[PDB]
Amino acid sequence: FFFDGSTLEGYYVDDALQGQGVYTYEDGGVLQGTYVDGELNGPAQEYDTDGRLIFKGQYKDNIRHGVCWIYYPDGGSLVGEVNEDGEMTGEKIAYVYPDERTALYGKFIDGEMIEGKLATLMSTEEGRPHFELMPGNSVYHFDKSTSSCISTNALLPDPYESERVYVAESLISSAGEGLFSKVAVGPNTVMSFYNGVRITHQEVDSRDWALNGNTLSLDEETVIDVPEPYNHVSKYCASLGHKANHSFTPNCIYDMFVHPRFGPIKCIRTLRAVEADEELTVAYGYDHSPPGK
């Protein structure tokens, strides 16, 4: 909120704040809230360590109250009537994907997805979202990978990804399979997720490189990998990000993603507009060298 976000006024009654106020959190979050008698009461917006919106909702007696929005840097969000304690815990909470349409609506506990059914965000009317369950039995839950288990439901595809990309034989290369866009999309579009087993950089750096075909560093402490049963689509297709080939002229980029089912992972995001049936590629780099030598 440096250039948009309405800057506001407040007034004091007996040394107590009324109206708009700003408070900084321990982690650095900046809350712009509404105050009634020096306590949070009314609409509030929170911003991260920069000017980006990470929360929109309202407080009652210093506690978050009704329908609140939580925004992730990747474009996803979590929305629902909050607990009496201000926590995203209820039966009507939803994770909404970056298209602000596809959603997983259901039971959440403190922001964790316990039972999210596929749904579509049908309207907001600009306060509260309205969801409609999609036809079917598609349910999802927070299921973060370990060092050996990639997923409790390896053949259950991510529904957002499945409408956007598919795996087929690559034409502009000889790396075998490739990842292709199903639809035409503009730049900055999340297309696919890179989930996998969670291992250590020391593990990847010290083992035979032939085991590192599908390795991707997630942060300083961990590498995401799609090891050998799972490198086969018949054994794993919950996510398909590892199928995107590497190139010196990529049309996509790896990026951090907060996924309600997979947890902290990376995703594939377009660099430019991409056409239907166009192959998606990411740049060579530290965790995937160019051919040769």
Given for the second form:
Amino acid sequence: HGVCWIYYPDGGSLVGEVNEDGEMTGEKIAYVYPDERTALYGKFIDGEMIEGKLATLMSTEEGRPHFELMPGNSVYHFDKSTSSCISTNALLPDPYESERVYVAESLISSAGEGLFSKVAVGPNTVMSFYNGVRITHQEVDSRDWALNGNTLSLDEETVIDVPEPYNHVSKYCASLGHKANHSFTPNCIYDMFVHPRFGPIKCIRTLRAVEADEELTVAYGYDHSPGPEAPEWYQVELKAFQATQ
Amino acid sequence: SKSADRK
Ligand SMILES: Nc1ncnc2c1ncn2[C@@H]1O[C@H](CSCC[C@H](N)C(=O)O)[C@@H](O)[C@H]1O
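What's the form deposited with its partner chain bound like, now that we've got the form solved without its partner chain?
Then the entire complex follows, led off by the chain already shown.
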């Protein structure tokens, strides 16, 4: 009975035959990443991934995709974080992100680790996902900056955080977006992303072509006239940036 | 406001 594709604004999609009630429910449903090639294929209920196995979208006939399964028993499920649990599988990487970025020492002095591109990509490419626990703006804005190194606003109601000890990739590597450092001249942006495992989160997307082994940076976008409400290191850099202008 | 990328 034919096949539906639902594209999110970020370029990922859900694809499959819908059931009698018109739900994306079945054994042969897939989520396809924004490369229109990497896919998680298997059992979904009402568009929610129950058992998605890593696959490649090879071709499409009369609108109907063909998937070849990748080796391994890489399987994924919808596993939205809570305020305390960042993931059921903190050490299981996202397979699309794995092929595109890695973590290494930042090239920015005294900035710890940073996120780097594995491959040359063009503009508008989703590179990495910023998943974390979900907490409130009230909580975040009421606590010390020391606790807010990794907080990223998701929307008016929710802030995503990667709190200790999940700021170390030895404890958490299911996503890596929290490892991109700040620049006032960035090559990437944060953008909304609907992820079949993490749910509604943000991703890191290039705004220009990037080379292999280039460090990926984003503007953190703190309020410069709430001086700035920002960590001291950012305040130093903001002064330098305005000076160059 | 103690988080990145607020609208
Ligand atoms: N431009 C910059 N200069 C110095 N420190 C930076 C920076 N951008 C990010 N940071 C550091 O990175 C933290 C945000 S998370 C980014 C990844 C982090 N460097 C890490 O190793 O896990 C900030 O708290 C700050 O410690």
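If you superpose the two forms and keep the largest set of C-alpha atoms that fall within 1.5 Å, you have the rigid core. Positions refer to the first chain, counted from 1.
Per-residue C-alpha deviation between these two forms, core superposed: residue 126, 4.7 Å.
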